[PDB]
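J.: As a plain string of letters, each chain reads:
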Amino acid sequence: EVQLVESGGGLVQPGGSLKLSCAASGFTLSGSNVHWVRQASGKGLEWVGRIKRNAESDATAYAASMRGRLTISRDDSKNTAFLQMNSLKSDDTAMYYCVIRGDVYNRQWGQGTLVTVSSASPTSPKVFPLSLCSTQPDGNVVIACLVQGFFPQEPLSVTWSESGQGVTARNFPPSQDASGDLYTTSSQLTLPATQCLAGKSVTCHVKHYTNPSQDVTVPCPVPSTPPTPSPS
Amino acid sequence: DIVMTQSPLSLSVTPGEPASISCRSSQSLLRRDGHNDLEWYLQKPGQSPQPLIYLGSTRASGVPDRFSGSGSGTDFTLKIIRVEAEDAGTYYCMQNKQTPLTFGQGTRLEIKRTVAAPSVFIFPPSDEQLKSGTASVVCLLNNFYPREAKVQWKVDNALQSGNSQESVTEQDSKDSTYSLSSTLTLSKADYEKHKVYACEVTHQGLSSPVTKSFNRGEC
Amino acid sequence: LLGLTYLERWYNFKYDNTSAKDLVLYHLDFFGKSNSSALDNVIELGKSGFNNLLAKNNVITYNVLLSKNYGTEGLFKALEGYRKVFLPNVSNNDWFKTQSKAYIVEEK
Amino acid sequence: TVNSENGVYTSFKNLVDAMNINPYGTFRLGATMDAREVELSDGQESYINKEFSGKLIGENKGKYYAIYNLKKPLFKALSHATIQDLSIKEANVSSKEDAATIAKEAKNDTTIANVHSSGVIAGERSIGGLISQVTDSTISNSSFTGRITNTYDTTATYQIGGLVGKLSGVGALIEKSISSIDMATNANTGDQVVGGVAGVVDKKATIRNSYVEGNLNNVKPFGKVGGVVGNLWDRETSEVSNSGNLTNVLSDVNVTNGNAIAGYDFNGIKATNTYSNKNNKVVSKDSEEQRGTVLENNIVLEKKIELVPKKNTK
Amino acid sequence: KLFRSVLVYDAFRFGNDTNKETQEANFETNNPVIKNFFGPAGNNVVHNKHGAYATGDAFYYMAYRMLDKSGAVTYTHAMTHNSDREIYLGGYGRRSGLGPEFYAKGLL
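Residue numbers (the authors' numbering), protein chains in the order written: chain E, 1 to 232; chain Y, 1 to 219; chain V, 1555 to 1662; chain S, 1015 to 1297, 1308 to 1338; chain P, 1771 to 1878.
In case anyone wonders, no lab produced these hints; they're calculated from the structure.
Hints are not guaranteed to be accurate.
As the list claims (entries may be wrong) - Within a straight-line C-alpha distance of at most 27 Å, the following computed BS3-like cross-link-like pairs (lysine-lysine) qualify:
id, chain 1, residue 1, chain 2, residue 2
1, P, 1839, V, 1601
2, E, 126, Y, 79
3, V, 1622, S, 1338
4, Y, 131, P, 1819
5, V, 1587, S, 1292
6, S, 1338, V, 1601
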């Protein structure tokens, strides 16, 4: 798309070799030397290194701690730049950013990439359709979607079935599980009583790193209590 | 090489208030194109900080008067003429010519809103998770300004720690009020040991903590 | 096989000696629409899917797919037409009472 | 028994070959067209699997012509492509994925005119009366007649409409088209949206002078279903600005378990004109059935848009 | 308004020739009754623990049995539940505070 397309990342075990290709489309990457500066999750940007432009001798230098396992290069012919990661470790998990510098013609901010370093395989989330068994709000119906036991934190798209006016769905940031490096998070929905009165059983859609959507069904709670007579 | 530093680190500012930040230079300001090395930045939710003023002495086109790029030479000057509810974030000054990209210490901005009382929407754990040997009690807090709050997972009025924690969203786009959610993680062996499960959240907006309890076997 | 099983199973009733099995499976032109094909009808009913072949939607399936092959408007209109052709001078309710095996008692 | 080279006027096989070899060009038909001449590959989903085709295709050559016996969607996607004076008299296209008579998608600035399709359409994941989903493009002077069925109970969302299923685009809209769809389906959850003229319109999508005639059926009323359009709530953040509008729309649909004009109402409804004649309009579950939601206007018969007879395809 | 049509069921708890044990049915038992009629007539009953409950447009016996006198008594109670807002009262609904059981056992 219209971004600094980085490929060859994603989940990867520690000690492996990861090859990153910061690709460009729509602008001249030759005139803007690509700089790679990684950032920890929620932390600031931490310098790594870069390779200069073709006219700038393609100088390659590496960070002191990271030196010895970087093969930083680029290919202006295919509008792409190379970042090579070797001997992966848990500290290497970061929000990696290839960026374009040294150019006034191109300074579009790249989206970067997410690299998580852990030998655990990606785990499909355990989608639990929690229902408001207790009393509902006076004018609204609240229905929540809960997912747990999913290892990779890269995009988790939780979307509901149908919404309109008066609906404000709230989703929470990922929370890492203390065991197995998994993650657990919930999703909240607000539903007007009129929509649920006619029916409109809501279904929860969740998206994983590569797993398809799990379309669990949540019957919206307006069931009239069965007036069962006690034995006489 | 050209070290960029920032003195302020975090601050709460109401909208329409002037805020000023200065970044200094430790080496030459020369760039690939010869302009000043500094490039201003502002953190935005759901993404990385975005550039504000690059080339140092040149104000970037399309940047409003709020952010001032009049800094030139070793010293620089950036202002925030008016604050917006969507301007919350951390501010970076950094050099972009040579190899060691040196970012500023960063000044996180939080928007000063009125204290609000969050609502409580508890959810009993699903029986499907109980079949997995684990449990999850969901205690929901919504649209409250003071993010600073403590959550106690008192299982049969006994607080447990190290397994159950909290999850708080960031400032909302509509009203810049945080929302809190906590989940009680208990094994099936511990689940059957305990009957009543309670969620306690101590919040400044809350006059007293609001707790909802579920008896084991409700679902 | 699936289409034939469905049609044979849900259409066992007989208008007098005439059997609706042979009258629904065969002679699709009983109302018009003489260009229809019985083999194509059964084949298409077989490939209509699990949702259509489901027993709970027999009237829905007749209204949506089986119709426009016999020229009918609805399932009940087709049954009324059959009752008007075979076995006349007997109200449809009386025919239903004499055809079903369930003990039906009506209290005026 | 002959083929044409300078312009593909003869056969559907040569037209498909020309589309594949030349996705970007001007084309014209000069004879009666049958789509069973070419063999449909099982793996193939559209008759033209290219990114775009029929850039300047048409049937304006003398008398207008028609294409017969369509077994799968005609095009894969549309990128500024223009189809003019197209006619389809027989259609049995169906696919478990997004199934449509002419194209699965139209990405930008595709103007479609004088296109009429006839036949029965089926599918599971989504069905478009003409196109399953369109972005930043418009279709005018069109019409579709036939039967639509997507009665599968799968929880996956399908945006299904008598002309277009999903219409997301600021510059995208449908104007002056006819929806004579004998549609029956199973709405199931509210995510699945059903529209007589358009399944769902978003990103300030306006509908002007379009009429729906055939019956709209969803057996269970839980889902969102509308006689003209299903709903206008934008998939993005909720504002009436991007919801879109309906103008000069008349529905004689015998819609079941759904409203005659709009399935889901708004506090501020952008629809300026709602027309509904004396039809089936009244189909603790209090709101499970419609009671003249936004249809209680123009109850008497109204003049129909006269664009139907000028297709003149025979 | 008394000429409406509302359906009632028995408990689906069929007895055996050997012991007085009315085992339930779940649309999957091998009893031919649910294989032939109750199955295809698609509607699930909640199978409450005890007490014949009304839905609002239908009814299902659960603990009683429709042939006995108690069947008739619970039938009157059930129709009082089902026909309360429209039939027994002159089109006016229930009193704003009183629940459905107020009109059921004490009176009517």
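J.: Now, for every hint given, state plainly whether the structure supports it.
T.: We went through each hint and held it up to the structure:
no., hint, verdict
1, P/1839 - V/1601, "50 Å, violated"
2, E/126 - Y/79, "48 Å, violated"
3, V/1622 - S/1338, "24 Å, holds"
4, Y/131 - P/1819, "24 Å, holds"
5, V/1587 - S/1292, "30 Å, violated"
6, S/1338 - V/1601, "33 Å, violated"
Going down the numbered hints, you'll see the structure goes against 1, 2, 5, 6, while the others check out.
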